[PDB]
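Listed next as structure tokens is one chain, alone, in the form solved in complex with its partner chain.
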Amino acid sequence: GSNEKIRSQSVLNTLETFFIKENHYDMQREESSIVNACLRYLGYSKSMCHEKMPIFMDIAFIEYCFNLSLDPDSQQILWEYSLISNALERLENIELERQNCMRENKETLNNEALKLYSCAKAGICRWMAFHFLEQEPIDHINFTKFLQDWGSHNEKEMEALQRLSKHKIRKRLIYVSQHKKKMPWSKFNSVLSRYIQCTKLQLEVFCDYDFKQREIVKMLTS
């Protein structure tokens, strides 16, 4: 029964030694085969099916998903609905996990992570909206389904998205192309990256996770 468990835990341990870096994770070519083999194993591991996703995994995914170790053509990220919904869910887990662990400068680190989270979340959603509008034909089925799950409910934006949804290609592209300049991806990459590292720091300082923030800590005592 638990020979599979002892195995899976060791695979999870191994990934942890590849996914926890001081700065953000990026999958390097020399790691990719073993990183793949580990994920696949855990993916089909019977004993992992109802195990809680550790927060290092969710972080590493977010770093990898939003290419956080760069500083962004906007187009290294796959803006597919199915993926980005799950990306937001995993991001949501990190924030809840952060909030929960925090109860057990701390005001600043908590408050910044809050502000940064909402800012990043909003940006992800706005850029998801941007991609949805560039479709021909538009996937209203998933687009409106997305707006229930992620993105708030203001008659203003609700109807404005609907109004623009019934316009055409070149005008739809123009609203997006203007608003992508008015709201650049570089802004959110910064935010999301700072959130992740702000989060990392709290959890090592206070909750005693190990996110390799030991060197960052000692430079704040000086």
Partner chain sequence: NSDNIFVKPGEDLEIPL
The other form holds:
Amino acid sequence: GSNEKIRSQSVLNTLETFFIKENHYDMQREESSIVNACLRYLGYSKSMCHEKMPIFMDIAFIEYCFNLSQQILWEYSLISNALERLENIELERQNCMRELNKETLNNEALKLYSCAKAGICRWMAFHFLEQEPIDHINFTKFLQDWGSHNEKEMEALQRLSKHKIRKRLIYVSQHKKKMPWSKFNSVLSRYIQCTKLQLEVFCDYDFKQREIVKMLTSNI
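Any chance you could show the form deposited without its partner chain after that form solved in complex with its partner chain?
Partners and other molecules have been left off, which leaves just the chain.
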């Protein structure tokens, strides 16, 4: 019953020490087996099914999913879930911040968020557009769900979808090379580090940002 709670809580506390980094989390090969075993245990834990997931889990997932330390799996269901967890991070940031440099960082997160969210939605869309045949239902269903702030860009991708493979690749290939992924990797990485910094400083989380705070106090 609730010994299973205590075991699961303890397994979660171990993940917290493996996942919360100063910089970004990645699967080092010496930790894959235990991290996997911890995730599988929580995943099948009866007591954890309706439990509020800590925000360090979502952050570690985003860091892992987008390799922030062809490595990103551009799959509909996965990126949709990834965007949902990125949203969970942002809501938690907003709530915790709502309680000079406070507003500078708060605004920086808001701009990096939308820009990162756009980048993810865009590159998922590019991946829909590279397939043959296209899945028009899911492509549309994805744009409706996630790109509703960048509506004119999605309108343009929607009417690009009517063209056959050759022209789709030429638009996608040229637009990939105008703004490459490295831009969004950098924006996304910065949103995570900026969110971590805010939450530790003001909202009393612990993201191992003590050394980062001392460097900003030094004046560089």
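Residue numbers count along the first chain shown, from 1. Throughout, rigid core stands for the largest set of C-alpha atoms superposing within 1.5 Å between the two forms.
Undergrad: Core aligned, which of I34, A160, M27, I174 has the Cα that shifts 2 angstroms or more between these two forms?
TA: With the rigid core fitted, the residue that moves is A160.
Undergrad: Superpose on the rigid core and then read off how far the CA of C119 has moved between these two forms, in Å.
TA: Value for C119 between these two forms: 0.3 Å of C-alpha shift.
Undergrad: Core-aligned, what's the Cα displacement of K145 between these two forms in Å?
TA: In the core superposition between these two forms, the C-alpha of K145 moves 1.0 Å.
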